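Letter by letter, the chains look like this.
Number of protein chains: 2
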Amino acid sequence: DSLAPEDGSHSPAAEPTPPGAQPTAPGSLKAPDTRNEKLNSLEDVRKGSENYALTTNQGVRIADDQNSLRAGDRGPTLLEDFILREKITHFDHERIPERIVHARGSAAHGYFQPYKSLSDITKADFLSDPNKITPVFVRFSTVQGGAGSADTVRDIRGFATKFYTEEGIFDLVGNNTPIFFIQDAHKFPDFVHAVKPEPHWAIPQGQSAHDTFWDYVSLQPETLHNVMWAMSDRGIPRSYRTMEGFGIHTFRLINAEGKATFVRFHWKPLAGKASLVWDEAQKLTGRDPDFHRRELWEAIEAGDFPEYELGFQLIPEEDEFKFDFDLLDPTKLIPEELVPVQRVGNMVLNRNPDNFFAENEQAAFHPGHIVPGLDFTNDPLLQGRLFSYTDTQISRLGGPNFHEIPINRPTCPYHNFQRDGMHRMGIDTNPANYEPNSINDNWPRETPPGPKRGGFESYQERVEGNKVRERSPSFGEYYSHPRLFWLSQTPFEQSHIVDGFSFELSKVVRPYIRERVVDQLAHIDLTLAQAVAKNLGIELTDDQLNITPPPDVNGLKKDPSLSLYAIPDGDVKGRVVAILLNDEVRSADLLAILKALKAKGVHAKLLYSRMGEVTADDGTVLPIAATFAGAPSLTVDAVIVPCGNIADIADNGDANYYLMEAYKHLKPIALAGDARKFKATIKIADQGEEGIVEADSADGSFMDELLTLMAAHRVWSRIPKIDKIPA
Amino acid sequence: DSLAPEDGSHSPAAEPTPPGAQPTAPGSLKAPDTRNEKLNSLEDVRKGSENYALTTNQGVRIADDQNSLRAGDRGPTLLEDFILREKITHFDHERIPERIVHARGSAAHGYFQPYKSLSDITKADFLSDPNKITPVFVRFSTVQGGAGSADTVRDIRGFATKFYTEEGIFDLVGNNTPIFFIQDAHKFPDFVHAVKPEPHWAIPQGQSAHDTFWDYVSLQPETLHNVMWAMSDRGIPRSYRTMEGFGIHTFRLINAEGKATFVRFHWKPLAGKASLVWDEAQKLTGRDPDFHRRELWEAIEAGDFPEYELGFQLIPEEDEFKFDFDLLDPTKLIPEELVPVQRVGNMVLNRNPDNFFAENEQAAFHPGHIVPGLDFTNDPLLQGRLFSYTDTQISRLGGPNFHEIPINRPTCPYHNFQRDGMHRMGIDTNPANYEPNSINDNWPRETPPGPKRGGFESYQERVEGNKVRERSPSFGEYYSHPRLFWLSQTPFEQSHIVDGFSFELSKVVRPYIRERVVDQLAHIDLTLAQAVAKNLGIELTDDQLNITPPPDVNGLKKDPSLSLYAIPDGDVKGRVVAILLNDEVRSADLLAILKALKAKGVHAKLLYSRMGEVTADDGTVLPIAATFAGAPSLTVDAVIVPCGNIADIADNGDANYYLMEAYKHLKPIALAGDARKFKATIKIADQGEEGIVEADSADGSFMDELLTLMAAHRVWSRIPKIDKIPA
Ligand code: HDD
Ligand code: HDD
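Taken in sequence, the protein lines are chains C and B.
Sequential numbering of the first sequence, starting at 27, is according to the entry's author numbering.
Sequential numbering of the second sequence, starting at 27, is according to the entry's author numbering.
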């Protein structure tokens, strides 16, 4: 009855292994000894399988799971086949509505721990002691596309963290840029409808490159700041591990003395900031639409845990009006040059889920889920968010008991007088379902606010004004933050912004929309506007050329913290290199290559023209991970070609193209021995060039140079060379 | 208050226009003069917009749709803002569950007309009169991926037609291959779970290239026939217009005399059969994941209506047991050499929907929706389908009144005693909600069966047997039909099948699964098995090399109707050519090109290195449709390069790569004058070669030669030359 192979090769090892070395697996089978309070609390609903009988949902053992019940073995199926009907009924109802936005997302378990007690600024229990370990569940996402859309689209990314604290669930529901597109939540359906596939034909998926999006942008200049970020390489991250996170809104921290401090939340990636380039990102949506989901899961299985440092920008209440912009305007960022990010703790993602649907798809995050020690502000985008995230779950998760779905359950106590609702799990024994009551001595009871374990009380902010549907005049400035962002980018980052706008606007069919957007760009920076205009065949008018640029932000000419690359921070651990094999590899080269990569935590994939094995010059049998076409250069950070029988691959079109694609995408390339003959396909002269490592053999210096290139992510100096490369 | 441009360039012309000439639009605005009975019946629910006030859903005019109501213009949002809450509530609940399978689909309205009355074989009213026009709504789909997944995946395609007949809705719910993967509906959740993204991590989207799919296949040889089709180029159609359709199951036709005839349904595409090649299809999921949806919509907007001829394979009842296979086995096809397809009528798709969600997403097709004159058989896959398609709508469409959703409503009368349910639209006035009743004189009343307008009565098939969960032994043959399919393919189609298996199995991480699948291939054809094994580094054993091939199918060693290309059926109308411009095009070349393409109904897209315009040698201003990168060769059927200032583009990497990609993908290429210098980038010698049209100018037979190549779809003779091309 055993269908597994006798050698046990069906089962992945329950130990950390590099990407591709083992089949991936549910987290509790891959890493059974990785534990936290939330993961342990899910044990009551985890279901095994080994050595159990196959049954109906009612516990009846099934004898024949291959056939329907029929009148004769060639006869009609009988209505009395309850086993068939139960199985098909469950199948028929598997799908639930996807999230209205951020439907495409990938999630993992982990933990957060503060660096020190923050009691002087907040009474939030999870920040009260460096010994406080708080389990987290984090979901990263795109915004526009459906749950089945591609990972490496150009889009904003979501970054949502559920903190299972001892005083309640706190959800920090943020994005990978520090501002949003719009100012008031009332416009959210308009903006989302504009960016989403257009309603007649439901095109395009996962793209803002269409008329309705740019129509809205051209008519709503408040959007321009976040549009700038989306058109930059920020819109195409290399990995969820290599992007920043931001809460966007100004919130409040409330301490035990009742003092409010304004705060904006930041996540700083330990792996550094790194993004793809557009042609690579777009092609990768075809070669591997699951690239980010896969890379996150495989990093965790390898022990390359994503880590993010939590940071606070803190502004005293008395400083509310000390900036050129309104702190409550979510289209404005707070420059780190003006208000530094103070690091307060670290989050580590160290276990994948067991079941994607049960844990990821059904997870409900909501920024109104705060705890004592935190509070809101009047940011009019945040204010409306507070309504949406509870409301939407009534259809998405089937009713008001969504907190009883296991992933959503608090790990701390919860007791109240709420009852019933669809799929009610908790069986209340309280004689009372109301308060005040005497029949249960008024339990469960209210708790006054206090320094710890106290009830929630809102900060008593003064409100004065008339009931109005009116935007604050302080919000009516749209160009200075886009300009600060533009001026803070490197020259190659600016080029990529220009190319982003140019590519997207080329896909807008109505030319006047393109012209209106270019006019908006002329209010931000005329170099940007002229460069985009040239790519669109648009000529700026003399009036447009005379638009006065917007003022600096509180005296800032630039803020390098807004650039992905101006200040180096990259780390190579967890990156991956393609090694292009031949049928008689120089084993000495491969030994030195793999040894150096291992010392730095860099993974490798051995590629060839077919699957199976090749044998090196010394008899070493080399297992092949993928073909050149099966694992394209898009999926790796650098390419190494060792020596050997180079004639075997010298005329292989896929092998030559592998290097040309990597070259065009600015990736480091290293060539040993006779592999240097491949310089011809990338038009590199005999004297070489920066970004192409070459030597007689692979060695320590050879690998040191390559790993130095990898630490810099891409070879930006190659950009002037790639336009003549046919790739 | 007008935001539209004064020149009116926001509004697409309400007349047929070629792809890209105008913005696309809702069908009733693009083609207001196109009508049918179903389209007319939807007018009661169509909603306009021009010249109307913006309101709440309760009809209250909105004054300020830009702001929430707050206490002061910098204050908190008020709970009494019912306008905000209604708008956000509707947004928060927009999504409904996607279809369990076939979630990704594209749909259009049209009509069907039979060629002559079929009353000798069926009393079905829609087939009773050549003047009887039946409106249709057709949805084409993939199978595996979500609603946001890509079009040009390797997968089976769905082809579902809703016929709004005078005697009820008939849904013909078929696929683009003539068999299914499994024999008994009880296994459907198993097969679908195996092909769908794996449950731990929800990878991969839109792909069968993963362990669990091939695990199931290797353990269920009944799947091998449809697997063969999926691995062939059938799995990657060029367009929904260029694929076949099949009902798969044997059904019955019932005539007025009560005689039953077995029938299998077929759709023959007027545009012929045409598919992509794998590398092109995969890259196209990245460059345009909406390619098939877009092509269908734009063909209809151009007046190039998709057309399909309905055909029947007809088998007398007394011939049930005269074949080598069981007629009720849905893993077996009926070879057209044994039972020809008899043409029945024509279907034309001539109008796009107005709202994708309302009409496409909410449409419910179900093969149990038959009409008098049709009936089922005991095919055990069909039998279980009959349960599923009603059941699934209870969650997907919110309850049992899904037939009241406008797209689903019959156009003929419907009256019964059913009442209530969620979203009940119909307000019944019958004093009775039961029968028999006297209080309404028993109306609505049963109708006896008869030759026309009679009640439904099942064919009184004899049933004899014990109640068993047992597969018919006649179904227990798995290899002859895969072999017949294999032997019917051209040599290049066979190579593409080999490459499909090889690519997919290379993505299976557990090697023993690959080995088990190769063993199954050895039971089908040893040449196929050896070629796949070689690409996987697997050596067949002596026992595998000695497996006796399966028998022929009723004496057939081939049936050319199973090949896409063995018998040419290509038509060029609706195809598209890229024209690569330069900054001083030879206008005489372009005149001849566009004239010849227009005469054959072939579209063109003028491409350059930027948007805007270029000016030809004679001063003609040429509008640019897209950049080389913006509209890659993947999206066209052929490439033409006119003469002019060729030096302007000769060193353009994108322009050179455009030709190399098209060359690798076997597309016709035509080069005029100095454009012949591009032969160097595709390694074509001065002598030229078949598939590369060249001449001093585009006059003479230049365009005839190119259009002849296009009629043959791809340049199969070029295959030996593509492996050296780095593209
Ligand atoms: C008033 C409506 C509204 C507005 C203005 C916003 N959102 Fe939102 N957001 C939703 C309404 C919403 C929602 C419809 O409630 C979602 C979709 C499904 C869900 O559970 O919540 C959601 C989902 C959602 C997710 C995915 C959570 C997950 O992984 O499940 C993230 C990361 C964000 N949002 C982040 C933001 C950010 C950073 C915003 C700007 C500051 C923002 N949202 C504005
Ligand atoms: C017992 C389960 C079952 C089985 C054996 C099949 N299907 Fe099915 N099919 C469904 C259960 C189902 C479903 C779950 O009921 C769907 C999904 C959502 C829906 O409305 O119907 C569906 C959808 C669906 C669609 C999409 C309709 C649309 O566009 O909305 C097509 C074309 C098919 N199927 C075709 C087939 C074919 C050709 C089959 C094999 C002969 C087949 N199905 C077997």
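Hints are supplied without guarantee of correctness; some may be wrong.
Said to hold, decoys possible - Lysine-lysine pairs mimicking DSS-like chemistry, simulated, CA-CA at most 30 angstroms apart:
1. C:599 / B:583
2. B:747 / C:703
3. C:747 / B:709
4. B:631 / C:705
5. B:631 / B:705
6. B:750 / B:533
7. C:747 / C:294
8. B:493 / C:709
9. C:599 / C:285
To be verified - Computed footprint of chain B on chain C; a stretch qualifies when at least three of its residues, placed anywhere within it, have a C-beta under 8 angstroms from a C-beta of chain B:
10. 112 to 121
11. 645 to 657
Note that these hints are calculated values from the structure, not bench results.
For every residue, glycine included, the Cβ atom is placed at its ideal position computed from N, Cα and C.
Hints, one by one, checked against the model:
no.: 1; hint: C:599 / B:583; verdict: 57 angstroms, violated
no.: 2; hint: B:747 / C:703; verdict: 22 angstroms, holds
no.: 3; hint: C:747 / B:709; verdict: 23 angstroms, holds
no.: 4; hint: B:631 / C:705; verdict: 35 angstroms, violated
no.: 5; hint: B:631 / B:705; verdict: 22 angstroms, holds
no.: 6; hint: B:750 / B:533; verdict: 24 angstroms, holds
no.: 7; hint: C:747 / C:294; verdict: 33 angstroms, violated
no.: 8; hint: B:493 / C:709; verdict: 74 angstroms, violated
no.: 9; hint: C:599 / C:285; verdict: 42 angstroms, violated
no.: 10; hint: 112 to 121; verdict: holds (count 9)
no.: 11; hint: 645 to 657; verdict: holds (count 5)
Of the numbered hints listed earlier, those contradicted by the structure are 1, 4, 7, 8 and 9.
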